[PDB]
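Here the structure of chain A is known, so what remains is to put chains B, C and D with the ligand in place on it, guided by the hints.
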Amino acid sequence: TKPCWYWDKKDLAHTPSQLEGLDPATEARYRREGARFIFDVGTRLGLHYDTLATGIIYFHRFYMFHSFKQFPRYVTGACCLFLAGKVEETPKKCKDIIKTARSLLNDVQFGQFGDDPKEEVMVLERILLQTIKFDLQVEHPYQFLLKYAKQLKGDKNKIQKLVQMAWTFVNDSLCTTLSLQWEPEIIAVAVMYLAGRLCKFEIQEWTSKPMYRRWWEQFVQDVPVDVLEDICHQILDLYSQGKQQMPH
Amino acid sequence: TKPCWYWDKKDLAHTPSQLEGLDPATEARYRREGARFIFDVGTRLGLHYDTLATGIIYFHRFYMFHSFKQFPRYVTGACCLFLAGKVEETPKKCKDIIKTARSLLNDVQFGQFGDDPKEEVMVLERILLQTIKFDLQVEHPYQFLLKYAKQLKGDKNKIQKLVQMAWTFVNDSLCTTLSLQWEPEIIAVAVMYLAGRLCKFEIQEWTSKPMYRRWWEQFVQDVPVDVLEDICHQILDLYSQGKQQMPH
Amino acid sequence: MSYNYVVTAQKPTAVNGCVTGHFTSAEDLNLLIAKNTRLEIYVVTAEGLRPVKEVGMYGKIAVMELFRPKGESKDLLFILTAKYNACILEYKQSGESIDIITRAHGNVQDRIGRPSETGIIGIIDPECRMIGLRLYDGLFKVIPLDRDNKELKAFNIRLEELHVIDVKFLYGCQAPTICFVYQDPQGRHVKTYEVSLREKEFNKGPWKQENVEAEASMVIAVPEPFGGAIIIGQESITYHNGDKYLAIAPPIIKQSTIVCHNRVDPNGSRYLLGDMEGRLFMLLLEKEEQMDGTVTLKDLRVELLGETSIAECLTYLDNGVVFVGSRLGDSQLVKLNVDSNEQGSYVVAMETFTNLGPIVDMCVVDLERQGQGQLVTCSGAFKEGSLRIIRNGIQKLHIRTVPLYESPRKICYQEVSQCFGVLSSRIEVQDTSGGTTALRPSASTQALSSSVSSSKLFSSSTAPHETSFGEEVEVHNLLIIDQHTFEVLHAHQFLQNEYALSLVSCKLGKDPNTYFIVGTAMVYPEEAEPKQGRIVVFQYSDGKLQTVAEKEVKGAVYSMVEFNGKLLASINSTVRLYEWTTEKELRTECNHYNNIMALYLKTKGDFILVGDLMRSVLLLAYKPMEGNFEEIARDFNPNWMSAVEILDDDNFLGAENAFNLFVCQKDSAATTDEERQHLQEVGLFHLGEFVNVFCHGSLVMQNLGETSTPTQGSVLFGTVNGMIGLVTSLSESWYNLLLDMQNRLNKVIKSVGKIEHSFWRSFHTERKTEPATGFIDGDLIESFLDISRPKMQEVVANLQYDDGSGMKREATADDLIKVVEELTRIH
Amino acid sequence: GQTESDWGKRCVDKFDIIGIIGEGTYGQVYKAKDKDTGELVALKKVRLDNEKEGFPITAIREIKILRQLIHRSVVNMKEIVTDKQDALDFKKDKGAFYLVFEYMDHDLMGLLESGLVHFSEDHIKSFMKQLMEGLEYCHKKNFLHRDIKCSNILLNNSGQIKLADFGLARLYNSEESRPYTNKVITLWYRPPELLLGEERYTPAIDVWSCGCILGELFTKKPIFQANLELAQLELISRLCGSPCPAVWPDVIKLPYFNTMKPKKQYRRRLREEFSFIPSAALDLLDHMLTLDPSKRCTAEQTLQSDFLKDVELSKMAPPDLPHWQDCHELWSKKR
Ligand SMILES: Cn1cc(-n2cnc3c(NCc4nc5cc(Cl)c(Cl)cc5[nH]4)nc(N4CCOCC4)nc32)cn1
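In order, the protein sequences belong to chains A, B, C and D. Throughout the first sequence, residue numbering follows our numbering, covering 1 to 248 in sequence. Throughout the second sequence, residue numbering follows our numbering, covering 1001 to 1248 in sequence. Throughout the third sequence, residue numbering follows our numbering, covering 2001 to 2827 in sequence. Throughout the fourth sequence, residue numbering follows our numbering, covering 3001 to 3335 in sequence.
Same shape as in the complex, but just chain A:
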């Protein structure tokens, strides 16, 4: 019916980028660069948050089938955001995205677009649609983070601090391969799980089963704690690596 868009962590060592000589650190860097590029460009254009993530997920899935060396990262990222705009019904003209790209890219980085930046992007749309198998509908952990928080009852200010901090973790998780590792529902629970430990919150108390120590089960079934700890470990790797500190 629908294609599978999820791999295992061990499979990332065999991406077309890895197999062409790129080291694991460079592909992860190229992914964060492309993710933040799609994030910053669409933010400058005033785009909805679902449109940003949809293009980022298109971007992440694209370089599971192709190599970063053969397709320029910033040329591909612009095409994903352009397609994501028409997909999520928040469209922008291709010339408007190119204009924003020149603002945020230096002379070296913008050279990927070649002599005709618009044509290099419009051309890549055919390969993008074929690579993503025309599976345009993509859901994101944001709607699940909100669907689960409404079922929480208690201190409104404590729950609101939990949501924004988890929402920050979802924005940061876009820079990672987590979008490909796990379904969006599990990611929304893991960011609740991480923000609960940092904020010292007992999330089980706000649920309909205040005693259910596995508070996550009432939201997403069949989720072991090993997965939640694994996702939390990946998100916090960005904070310790970069210059940003944990929200807390």
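The hints are simulated quantities; they were obtained by calculation from the structure and are not laboratory data. A few of these clues could be false.
Partner residues aside, some chain A positions facing chain D, computed with beta carbon under 10 Å [claimed, not checked]: (1) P16; (2) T43; (3) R44; (4) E119; (5) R126.
We put the beta carbon where it would ideally sit given N, CA and C, even for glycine.
Below, chains B, C and D with the ligand without anything else, positioned relative to chain A:
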């Protein structure tokens, strides 16, 4: 194995004669005319009664497969009597039957025999044998009227009056399609049934089962009174049409 | 755009209705015969019929009844058309000037309503209080016969019984009472309602409902002496009036379905009846006057009078003469004698009115190999089946009739054998011998030579269906008929339950022998879509017909046609092209499947016009390079096709089941491949007739001398009502001239019932109504030579004639008389 | 699980194009047969040649919306194919894409306009039940077909009905969201709110269109037939009553309420002019053809109607098409 020679009353409306424009009254007349023609000619020739009925049975069966308009009635009846003579071991020359026919027929009726009366009849013998499917052995209600009356014991004059009166009804039933509707055993019982009602005889008293009011059942099995009344109604219709009264 | 011109060559001949009354004068006895678009008025004499007037109406005459309201000197006529145009007419004659007056007129169509199954019904109260119309299921329309109701305003009374079979206004009731036979899941019943003009609703009926025969057909309003009604069925005739109930079931009427009735005695004692086999009966109502002075019905009687033509409508005139109005055969005037003749028949034919009847197929052939064409048609059905040879005389038509006494289907001409090929079907009934027996001798049975297909193609494989006695069966035959004597030289009887559907005569491949080819279909009681069929090739040579080859197909061969030495045959949804091998057998080359029911086929060069049961028309081209078909263009407007024809390489002509002719053409614009594949309907025209066969040719003398004629091309067509017409194309200059005259003639010519001509010729289906375009009603243009001289000049006013390239001279009446007289020479 | 799920990688060479069958929402509809499987499919062109914004957004709507919807009464996009990309430079490929749908036997448009089919009451029940089950399914997913026509209603010989195009389909949101195209449904099936200028309309626009289809199956003729919006609003008023604040409180909100006024203030004559329709179906028609879209019934409520509640989808009951005796009509059976 052996062919079926019995139809239903409702089927007579679809004879080949009926479907060519002939009305029901005319075909019934053509059958009565042809029957007495076979009857009167063979009687002049001094033929046995089984031979006369055998030709009449051939005659009745023949015009269930053919039309009176396509085959002349008196030419066919002469051919039936000629074949019936050789079947019942009472043979006659074809020239002798033609001679008797011309004596009792007017110029118009004998004109059906054409320029060569013998050949027009002798030719029809092939078509007659094929039409009757070479089923030459024919049984008649006469032998059953006598076989059943022999088992009757009582007033000799009353039983003999029953036999002759029923025998008269058998001769009259040859003019009708009853020969094609029912087996000869039922006809022999029906003429006993009719002569019993007219003479007001209670035939069960003369039987071996004097209280078995349905006396005929020990003779012919599975015969309802509806069939006997149907046959009796048809036989008396011949007398009521010609205004003649019961023999008595 | 395309521009065409349609004229009537032979007016409709089939009688759809006839009534007797006193319309022209209170003294004369009139017989008003109703054809599809023509109304003929006659005066009954002691020697026969005397014509007085014939008028044309802008509509199909559906209801026609004569009535005389309180205060009128003579009877008036009410006519309702198929397009719901209603009118009341009066005859007025001032010496030699005969004119038909429109007393009232209007259109009684409702915005919402399901058209009934049994068709439009029109009844008038015996006291002439109202006009009863049954136009839609569950609705009874009432037109009150008021002196001031000149617009024919009407109201609808809701009817619970939706499916009504027939309805009449009863006699002898104080209030207006209707009696109708309806069919519900509980069978068929007869019911009565009282109509109230004041309340505008139904009241309680006189007598209660009774369960009647399952095949109740017609209702007979018995007049005042007896009262009540008579219900005619398939096997029984029943009389219902109050508590009295009588039912006669003679065995004679069961053999064939009774279809028409008429009253002989105004007191209602005797009635005329007719069946599908042409038999004429007399329904006798025995009356027993009782010791109270009142005359109830003793019994009912039916007597066989004789044989007439298969009549659509019967009417008793006077002195024992009856007009037999037939739609499938020739109409008749018959004499009823009190004494039977030597054959037992009380009926003797007086006169015979030629009726071309149903024209199933026809071909134009130059018998006396001159340039003047003759038209040979397959006409009539059942015993009334015949061939008709029509030629232009030296102005009327000379028609020779060759009776066949069986149903003709398709005809084809083979000049190599100086003979015709005719497919025919006869009805035989399962007899007691197990076989079948024909009702009457016909051409297939009275043929000089005869043969039967001994093919074993379908063998025993098909399950042997059960046969009961009395079941009708159709036997199809191929007749070989001489072109001069029209003698049935040979008759080939096809297999049992095999129907002959298509027939062609042509040479094939490199074979010089000219063959008759028949496409057949195996028809079984399951019907649906035949799944077996045969294509048979015959050669008639030296007086003997030889079976050359047979090809088994998996469906019905609805039509065949030869082009490029190859046989193009349509089998159900498939269109196949066969090749004639050197072994005298058929071989499939390429196929096309994108159809529902490929019925009609026409060819010109390598193009193929496909007429589907629906889907309209598709253009197919045989591509000799690839060897496969390819869709070129298709008309995407859905139409139920009845006959197709190719006009030129870009224009196509078709006929719809809604009595409409249309012409599609390739748009040839914007250079888009999608626009090109879109056949655009550029011509629309409501003909009013059901076209069965289109045929290229003309019966007029055509000289190879080349001269600019206003008409280009000639296409003849035959219809169900016997009408034969002609379609031809025009230049854009001539179209605008003739179209401009039509608008001028409409303002001048007064139409019967004041029906607008533009409404009559407008394309009309049950779902869509469009104005006519691309067609010139030639019958309206040719009417210019019949209006008075002052009206001619009224048409030519401000009209400029363009014969002189220099100056656009003002048109004289003679300038238009020259033009119209030239258009009258094309037919 | 590439297989079947991988789209856009297959070429149009695998399909042999028979010809055009009709005109759809965005492009002309084509018929073809798969070389490998032999199945007949319906194709739709993409035509990405216009480099203004690349792939058409109206096509992106139909790909996203139709791939989410799966039902027995909705035509599901089978796959998506492209032209041959023969150059090694994906920049030189200007080829278009094709949408592959499942092919159905006939369409309500072709069947009714030709006049061959006849619908009994049980056939209309089977038609409306499948039609409303599919419409309720899509309405539950917050989608609007916006183009309910007889040409977009497909039927196979079994008796199953399916909806077709969805090219003009958008998403519905109770929050005003985006103002939409006021004219979107064929004028004969256009709701009264759409004639008066409602740009943000409710899902009741498809309920009204199907209501005109329900009555069209009983009369064999379209209900409202007009060439202009004012003439169309007039015919709707002659049957359902003139739009007035009495039966339609929010009729004042519509812009063209004062602009497009009917000739008279007609009374509702729907039950009178449809008296021949069974009471169970007439009750359904009256609710579906209610002027006020807030008072107009929903797709779910029609399935809870005396006409459709007890209809069973196991009895397909295909519309009976006359056969063989239709070859020559107006014969034998005359009067
Ligand atoms: C967007 N979308 C469409 C489909 N879809 C699937 N199946 C058909 C189909 N099949 C019956 C059918 N009717 C035919 C009429 C003719 Cl004249 C011919 Cl030649 C062949 C025919 N076949 N028809 C149609 N349309 C009907 C008319 O106009 C537009 C589309 N769409 C279809 C799936 N998604």
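| query | With a cut-off of 10 Å, does the beta carbon of A/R126 approach a beta carbon of chain D closely enough for the hint to hold? | reply | holds, 6 Å
| said: Hint A/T43 vs chain D: min CB-CB distance below 10 Å? | reply: violated, 21 Å
| request: Verify the interface restraint on A/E119: the C-beta must sit less than 10 Å from at least one C-beta of chain D. | output: holds, 7 Å
| Hey, does the A/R44 contact hint survive, CB to chain D under 10 Å? | violated, 19 Å
| Interface hint compliance - A/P16 to chain D, C-beta minimum distance less than 10 Å | violated, 15 Å
In summary, the numbered hints that this structure violates are 1, 2 and 3.
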